[PDB]
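Q: Next come the chains, spelled out residue by residue.
2 protein chains.
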Amino acid sequence: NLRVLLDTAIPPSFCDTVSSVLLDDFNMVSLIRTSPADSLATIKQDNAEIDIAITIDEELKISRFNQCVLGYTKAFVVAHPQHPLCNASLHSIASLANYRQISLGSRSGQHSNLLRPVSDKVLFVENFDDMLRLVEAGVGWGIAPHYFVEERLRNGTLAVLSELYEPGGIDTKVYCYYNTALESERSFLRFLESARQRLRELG
Amino acid sequence: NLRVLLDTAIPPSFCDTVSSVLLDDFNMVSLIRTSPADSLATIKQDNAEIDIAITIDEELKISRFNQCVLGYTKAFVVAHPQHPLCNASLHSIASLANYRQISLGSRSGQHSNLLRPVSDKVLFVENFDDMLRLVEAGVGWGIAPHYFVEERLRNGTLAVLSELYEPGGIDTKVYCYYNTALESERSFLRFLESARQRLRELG
Ligand SMILES: N#CCOc1ccc(OC[C@@H](O)Cn2cnc3ccc(Cl)cc3c2=O)cc1
Ligand SMILES: N#CCOc1ccc(OC[C@@H](O)Cn2cnc3ccc(Cl)cc3c2=O)cc1
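First to last, the sequence lines map onto chains A and B. According to our numbering, the first sequence is numbered sequentially starting from 1. According to our numbering, the second sequence is numbered sequentially starting from 204.
Treat the hints loosely; a few may be bogus.
As the list claims (entries may be wrong) - Straight-line C-alpha distance at most 25 Å; calculated DMTMM-like pairs for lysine to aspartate or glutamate:
hint	chain 1	residue 1	chain 2	residue 2
1	B	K264	A	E59
2	B	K376	A	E163
3	B	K247	A	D120
4	B	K277	A	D171
5	A	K173	B	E262
6	B	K324	A	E183
7	A	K173	B	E339
8	B	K376	A	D171
9	B	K277	B	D249
10	A	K173	B	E366
11	A	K74	B	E404
12	B	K277	A	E201
13	B	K324	A	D120
14	A	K173	B	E353
15	A	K61	A	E163
16	A	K173	B	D332
17	A	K61	B	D374
18	B	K277	B	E261
19	B	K376	A	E59
Said to hold, decoys possible - Here are some chain A residues the structure puts well away from chain B; computed CB gaps all over 12 Å:
hint	residue
20	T17
21	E150
22	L164
Unchecked claim - Computed footprint of chain A on chain B, listed as stretches where at least three residues anywhere in the stretch have a Cβ under 8 Å from a Cβ of chain A:
hint	stretch
23	265–272
24	367–380
These aren't lab readings, by the way, just hints derived from the structure by calculation. We treat Cβ as the ideally placed atom computed from N, Cα and C, and that holds for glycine.
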């Protein structure tokens, strides 16, 4: 039995070739979605017994878990197209620390340096749907993955603010936290190659 | 008078088209090299009066300085080709926290999450030359930028360890910290485009 955790920041298209790869080698494979904000908190629970976590969230060393980089993926800062700074420049990008942010909350009230909110006026949600609902309704601005925002950007229901900060969108590493056991395993090596190959194709 | 700080992690080839761009707009331009480990510590000193810092080091917010991403650049973990884990796998990559690391030190004894050493057995230096001297002499392993390591990798005087962690080498963002003053300036916007254009060409 192999258990795999995928934070909601990872495109669901990723989970395709990946899950196929694992089934050739492993006979039972369990896939768990979680908020990026809960990804690492979850695998630290001993009882949870996750073998592999695939999340954008970072920490320097977890107990009995090694880390490596599968690839890279783009998030964007998005708001209502009539938001106070809807198209304003690098000036209004400093100002985001003043305007209301819609951030992922976490079961453990704590947030990593990466995922911690930037502004004082913050309002927490559990998932990127709940996030972009409030952001579509001008309640605030938020950072969501490409795959969530591509749809609504076409339709002009949402506007990007990040481009002057990071053109192409905000590149962020996809990490793979694996039980130290899987380290000397041909099984895992084979999954790593495929998983990496995969994320390359999505940009 | 414009003052610009470039950490030693930035290729010196970058500083070419960049310095040219600034001179069209600005009439006096001063370029300062510094250790990545001293980059941010230096601009926080009020008396230093840096207008623009270009460094790989990250912090969520400095006083009276906005941040943005110029581009991306690759560092590699390097050691002696006969180092205990000279070609060993993802197992020996966990083990780096045990073997002696050669790390950049800092005037302020403190290090950011990014640049802080990973292992217990650490030995500090001021620059990447002093680093790769000790690493060529098998004293330990270290993380240096591509441009420092390309030379010695050809010659087989150094070996890579990072590939199983991050194939292609360890991607790291080049940040641009700028005095909030430069925000509403055509001068700076023009430099940003060129500087970004530049780093794209180096990979
Ligand atoms: N303008 C402009 C750009 O300046 C910014 C720099 C960092 C930011 O972080 C906000 C943080 O509270 C949440 N956060 C972070 N980094 C993420 C990366 C990927 C994904 Cl999928 C989500 C997040 C996220 O949800 C915000 C603005
Ligand atoms: N195997 C393997 C790979 O796993 C590692 C992950 C992070 C590491 O950081 C070491 C840190 O003490 C210094 N450090 C960091 N990140 C850098 C990025 C760019 C540049 Cl130019 C230098 C550094 C650096 O000098 C080491 C290994």
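Q: For each hint, tell me whether it holds in the structure or not.
A: Okay, the hints, checked on the actual structure:
1. B:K264 to A:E59: Status holds; Cα separation ~20 Å.
2. B:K376 to A:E163: 15 Å, holds
3. B:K247 to A:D120: The given pair, whose Cα atoms are some 23 Å apart, holds under the 25 Å limit.
4. B:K277 to A:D171: 14 Å, holds
5. A:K173 to B:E262: Holds, because 17 Å separates the two Cα atoms, which is no more than 25 Å.
6. B:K324 to A:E183: Holds, at roughly 23 Å.
7. A:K173 to B:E339: Roughly 30 Å separates the two Cα atoms, so the pair is violated.
8. B:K376 to A:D171: 9 Å, holds
9. B:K277 to B:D249: Answer violated: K277 of chain B to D249 of chain B is near 31 Å, above 25 Å.
10. A:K173 to B:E366: Given that 25 Å is the threshold and the Cα spacing comes to 15 Å, the pair holds.
11. A:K74 to B:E404: 20 Å, holds
12. B:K277 to A:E201: 20 Å, holds
13. B:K324 to A:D120: 40 Å, violated
14. A:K173 to B:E353: 24 Å, holds
15. A:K61 to A:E163: 32 Å, violated
16. A:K173 to B:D332: Violated, at roughly 29 Å.
17. A:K61 to B:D374: 19 Å, holds
18. B:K277 to B:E261: Satisfied, since the Cα-Cα distance of roughly 16 Å is no more than 25 Å.
19. B:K376 to A:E59: 17 Å, holds
20. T17: Per Cβ check, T17 of chain A is outside 12 Å of chain B; nearest 17 Å; holds.
21. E150: Non-interface label on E150 of chain A holds, nearest chain B Cβ at 21 Å vs cutoff 12 Å.
22. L164: 7 Å, violated
23. 265–272: holds (count 4)
24. 367–380: holds (count 7)
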